[PDB]
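Engineer: Take a look at the letters that make up each chain.
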Amino acid sequence: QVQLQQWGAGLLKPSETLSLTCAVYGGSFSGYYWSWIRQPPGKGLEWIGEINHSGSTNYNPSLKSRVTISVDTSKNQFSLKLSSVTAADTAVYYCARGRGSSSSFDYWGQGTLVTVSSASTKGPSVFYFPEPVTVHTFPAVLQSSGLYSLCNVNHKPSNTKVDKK
Amino acid sequence: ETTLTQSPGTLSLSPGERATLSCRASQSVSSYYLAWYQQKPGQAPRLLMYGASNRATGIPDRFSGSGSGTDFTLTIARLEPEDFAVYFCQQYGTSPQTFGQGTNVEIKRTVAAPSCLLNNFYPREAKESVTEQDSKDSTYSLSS
Amino acid sequence: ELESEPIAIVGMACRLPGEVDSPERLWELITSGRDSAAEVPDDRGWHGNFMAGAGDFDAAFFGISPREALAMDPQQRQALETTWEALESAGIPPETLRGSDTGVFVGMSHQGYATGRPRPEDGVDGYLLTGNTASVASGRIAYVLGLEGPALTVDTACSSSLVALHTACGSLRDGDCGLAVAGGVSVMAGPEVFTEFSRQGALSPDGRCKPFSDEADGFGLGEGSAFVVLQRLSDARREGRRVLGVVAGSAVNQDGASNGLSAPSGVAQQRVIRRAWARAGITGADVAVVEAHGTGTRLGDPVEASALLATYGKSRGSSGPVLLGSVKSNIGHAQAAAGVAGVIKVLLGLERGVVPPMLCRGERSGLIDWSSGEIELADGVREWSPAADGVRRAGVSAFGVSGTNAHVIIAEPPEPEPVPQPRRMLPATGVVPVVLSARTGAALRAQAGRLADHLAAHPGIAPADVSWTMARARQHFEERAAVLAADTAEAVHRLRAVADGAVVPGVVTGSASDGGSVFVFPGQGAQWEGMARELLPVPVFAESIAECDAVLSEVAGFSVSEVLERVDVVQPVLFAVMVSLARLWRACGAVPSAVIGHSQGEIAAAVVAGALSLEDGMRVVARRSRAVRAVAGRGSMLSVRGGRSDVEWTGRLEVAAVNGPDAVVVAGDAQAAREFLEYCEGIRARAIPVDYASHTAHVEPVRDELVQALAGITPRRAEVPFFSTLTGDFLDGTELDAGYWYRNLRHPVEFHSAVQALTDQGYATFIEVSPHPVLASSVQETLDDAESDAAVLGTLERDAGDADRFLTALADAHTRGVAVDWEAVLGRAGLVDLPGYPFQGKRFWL
Amino acid sequence: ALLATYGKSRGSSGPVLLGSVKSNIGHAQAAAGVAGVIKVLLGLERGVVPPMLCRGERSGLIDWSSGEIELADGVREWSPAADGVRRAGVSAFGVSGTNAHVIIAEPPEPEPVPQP
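Residue numbers (my numbering), protein chains in the order written: chain A, 12 to 176; chain B, 5 to 148; chain C, 2 to 847; chain D, 14 to 129.
A portion of the hints provided could be inaccurate.
Label-pair distances were calculated between CB atoms; the ranges are [said to hold, decoys possible]:
#1 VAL592/C with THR74/B: 19 to 27 angstroms
#2 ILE38/D with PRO387/C: 57 to 65 angstroms
#3 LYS315/C with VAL47/D: 38 to 46 angstroms
Calculated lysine-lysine pairs in the DSSO-like style (CA-CA distance at most 27 angstroms, straight line) [what the hints assert, rightly or not]:
#4 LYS54/A with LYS112/B
#5 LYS112/B with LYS140/B
#6 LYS54/A with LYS44/B
#7 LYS112/B with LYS44/B
#8 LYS21/D with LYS35/D
#9 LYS75/A with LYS86/A
#10 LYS131/B with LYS86/A
If you want the ones that stay clear, here's a sample from chain C, every Cβ over 10 angstroms from chain D, calculated [said to hold, decoys possible]:
#11 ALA143
#12 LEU378
#13 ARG475
#14 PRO690
Read the hints as simulated data drawn from the structure, not as lab findings. We put the beta carbon where it would ideally sit given N, CA and C, even for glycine.
Please put together the full structure from these sequences, using the hints given.
Structural biologist: Next up, the structure:
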């Protein structure tokens, strides 16, 4: 059958360079148009670009100036590089199989959340960043400070566990 | 870039009802280059329609696609539980491939009350942080 | 939300003296500083400026009899050909206008055609009144083109064509039409107009207008045809037309009580100039060029110059002096066509960004106060200063001898909003098709010679533009030709090949036909390793291939299997390429009137016709082809050149297909075959690479089993008429059950029979929808037997599964009359100026 | 064409009256139209529908069956419309194929003004 797996650094600082790669399993990398599609939070999707097994590319003009996608035909893999990132680029990046140049997409990667911030990892105060905190638990929300605000609280990325009640 | 405006914002109905999802393009596009996707939450999009009207392999026959230049439509005959999701159109005829902003397809239930917390409530409309539509009560919960 | 919407000039055409037969030839004459003054022709029967082909008319093009053409006023005929040319300049195939609000406004007066008694021989009785009454000049255009907005003929003498423009602009602003042809025509048939002006002493002995010159000694009579296509600017931009200029404002008024009906009044001229500025919301400083009435009469020129002084001369402000000229200095006084001739002159200027020059002959008129220095004669080409707005503008003037005056402000067109361009099916290969059409073969040849001459004299022109223009901005007629070309120079060579009757690669010729197209799905041996791979960039195609991958695995575990064979793989893959190529033809506009198939082909054809879904169609060809690998070993097939009956030793081999008059398939026992084969080593027979024999009794083993496997399929009513090669006739798609699919594997394939029937029923074009031509040659032979003109076409070919081949197929399908949606194929390029329809005019002169 | 426009959807306004001044004066060709206009203006003055010299019986080629179009036989009442405004339509169809239709209406009431 056909299945897509993507990996890459999720958390980034501004002016840095996003780098994700996608691996195609079982499919025929040859003849299909391997593509990146991002989706800012809760918004509509936005097409980044595509590349075939030959190296022919095609980029969205809105990002061409700072995007590069590539194939390795002996690895069966293809990858996205996105320069000069910004908090605009915070999105769920998806790799997908295009049936032809700039076409419809049938098989899709699982999605990589890519968060561009400038906040060293702080830990929650229970009466936190990054945002994989666990405890009607509301979705987190970003303050102007840059820190999410939201019982066995457990902030993995800060080895914190207030476990207070 | 060609713009896709979906309609309505968030169509609410109940299982069994017929859901009609519409999509207006900023300019005419050949029917061969329009597509419809379903996106269950926190998953990837799943292709439903390609070329405006052609059902993707494995998609139940209740999903129907139609429409021409500017106005295209996706129609589900009988809303089954797993259909309640978000739907996106996609045009791929204009150089910049573009996508709809999306339409939600939520559960309709008898209006309840918010019981600063807003407890379990419906409709979600309210005057923060709200909770997704619950699985057994299909109500919401905001937190200002 | 309502005002004097700007009107746009989207096309223009003209026939003028000095051998001018197009706006571009007019530019040549003006920059050359040549004139057209010559002696009156003898062929009219009684010095001036005269049209090259005043009396030539391609009567047969418009379906007009030679007798009626002889009765038509040459002005009626020029107006009709020039209207056509103008719509071609606007890039509108005139058929698309049939039933349109399009309006017709023709400026014209009577010029003494058909004043004698009718030589009975000429037999013009019943045509002479209609060929020579003013209203018909405009009504006939609406009749011949099926136009249905207002059609008027207006006479205001020299201003006629600008008054017609002025009326069309109100018609458009008012909603009375949504497209308009406006212009004027004159042909001096008789000598009455020349004689009256001679008697008055109004004509120079030269025959030359010397406008604003000290040498001005009367005007030179001329003639011609000048027409523009008008459209509200909103509609123009929305339809993506090429706007040439815009009528920013225009005005009309009258001398009133001058000193003699013809006497000119400078005050009237001033007021009409100023109403135009008002309608256009400008002042004279915003206008760099004035294209004047400018007839070269000693007493009138100063009158015109004094009003320009009193209007354009004052408050010039920042704007430097106003440039002044008149196209009558090169072509004479074109009477009812004078105005729009002037308008086409300044539009040529706007194209090239310079001020069109005038034939200045001698010194300035001593009768004109040049002392302000604010008016300069346009002596040679000059800069066209934009206005303070950054908009170039001109003013055109026509002052008629019956006292009615017009003035028009022409402005450069606004910058178009950029729009996302549509995609071009088929990857780019540098090769572009360029299609030609005319109403006869001689006309077709002439079209090709002219396109080649234009492209040689005008290189750097983008082949994508010539391609788009000749496919999208021209009407397609009966006699056709098409030329594939990767660069301008290869176009010229192959267009000349059409022109001169040469057979050359990349060139195709054909007649377009009424009859339908039949999609032939062959199966057999259409496969070649790597086929149709170069079409996987095309979404229409790749998408079909992908969905085919989905349902094959679920029913056979297989897929593309062409990243880099045997009967139960090859048949499920040829099925997929054939329904994919079919969808590609579909999306390029080739819609099938009927489908027909050969053995397995019938399954792709049933899918292509809608009788079986893609799923059931895959399942039918997967479990029909798995079932054939179960009677492998003994059995084989052979082709036998030579017709059946003659080929019709028994109980081991039988006839299993009939493919044409000179081609049969025979099948049965393996050894038994080699027997027949090496027998014929002393007929051109050959064995098919097979390990079994179908359409024989060797298949009765898998019956019942197959019928069962395919018991879940759901035959549906077809959307496309499916012709059964088995039944030998049309067959409801419900009837395509497992039984039909077994009986298709067992009974013999009467394909020669079916092609004969479809030829009987009048189908015009057979398109073999396959990766390599398999049956095409047999079908072509069947048609030669029936002495038919039906055409046969392939899709892809071995060493030709590229887009360039499909492009070639599109080119030939279109040349035979298949409707290729060139918009969906060559996306949407720009309109380039190429020669018009090549009118094959004969002379008619009563 | 009159039946498919003036004959449809009249809804208790009575059949439209029909006539042609060419019955009294013939085809004035270029003046045929204003002639007809002057004829309906004559009528508007007097508040009656101007009559037509109808001869013989109504053409059998014509579907009179809805009873929605009636020949202006002699003088008739000019029913005003709900608006209260009396109107008429005038046609002139050219043999070059150009057509004109004009709605003539009754003049609106003059705004009264103190007299010199």
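Engineer: With reference to the structure, classify each hint as holding or not holding.
Structural biologist: Okay, the hints, checked on the actual structure:
1. Checked against the hint of 19 to 27 angstroms, the C-beta distance between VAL592/C and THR74/B comes to roughly 23 angstroms, which is consistent with it.
2. The given range of 57 to 65 angstroms is respected by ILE38/D and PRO387/C, whose C-beta atoms sit roughly 59 angstroms from each other.
3. One distance hint, 38 to 46 angstroms for the beta-carbon pair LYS315/C and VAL47/D, holds here, with the actual separation near 43 angstroms.
4. For the given pair, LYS54/A sits about 23 angstroms from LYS112/B by alpha-carbon distance, which is consistent with the 27 angstroms threshold.
5. Of the pairs offered as hints, the one joining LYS112/B and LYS140/B holds, with about 13 angstroms between alpha carbons and a cut-off of 27 angstroms not exceeded.
6. A threshold of 27 angstroms between alpha carbons decides the hint, and for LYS54/A with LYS44/B the separation of about 14 angstroms falls inside it, so the pair holds.
7. Between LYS112/B and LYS44/B the alpha-carbon distance is near 18 angstroms, which keeps this suggested pair within the 27 angstroms criterion.
8. Between the alpha carbons of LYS21/D and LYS35/D the distance comes to roughly 26 angstroms, so the proposed pair stays at or under 27 angstroms and holds.
9. Of the pairs offered as hints, the one joining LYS75/A and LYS86/A holds, with about 25 angstroms between alpha carbons and a cut-off of 27 angstroms not exceeded.
10. Straight-line distance between C-alpha atoms of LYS131/B and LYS86/A comes to about 54 angstroms, which puts the hinted pair past the 27 angstroms bound.
11. Non-interface status of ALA143/C relative to chain D is broken: a Cβ of that chain comes within 10 angstroms, the nearest being about 6 angstroms off.
12. Every C-beta of chain D lies more than 10 angstroms from that of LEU378/C, the closest at about 43 angstroms, which supports listing it as non-interface.
13. Its beta-carbon lying about 27 angstroms from the closest one in chain D, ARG475/C satisfies the requirement of being farther than 10 angstroms from that chain.
14. Distance to chain D confirms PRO690/C as a non-interface residue, since its nearest Cβ pair spans about 69 angstroms, more than 10 angstroms.
In this structure, the hints that do not hold are numbers 10 and 11, in rising order.
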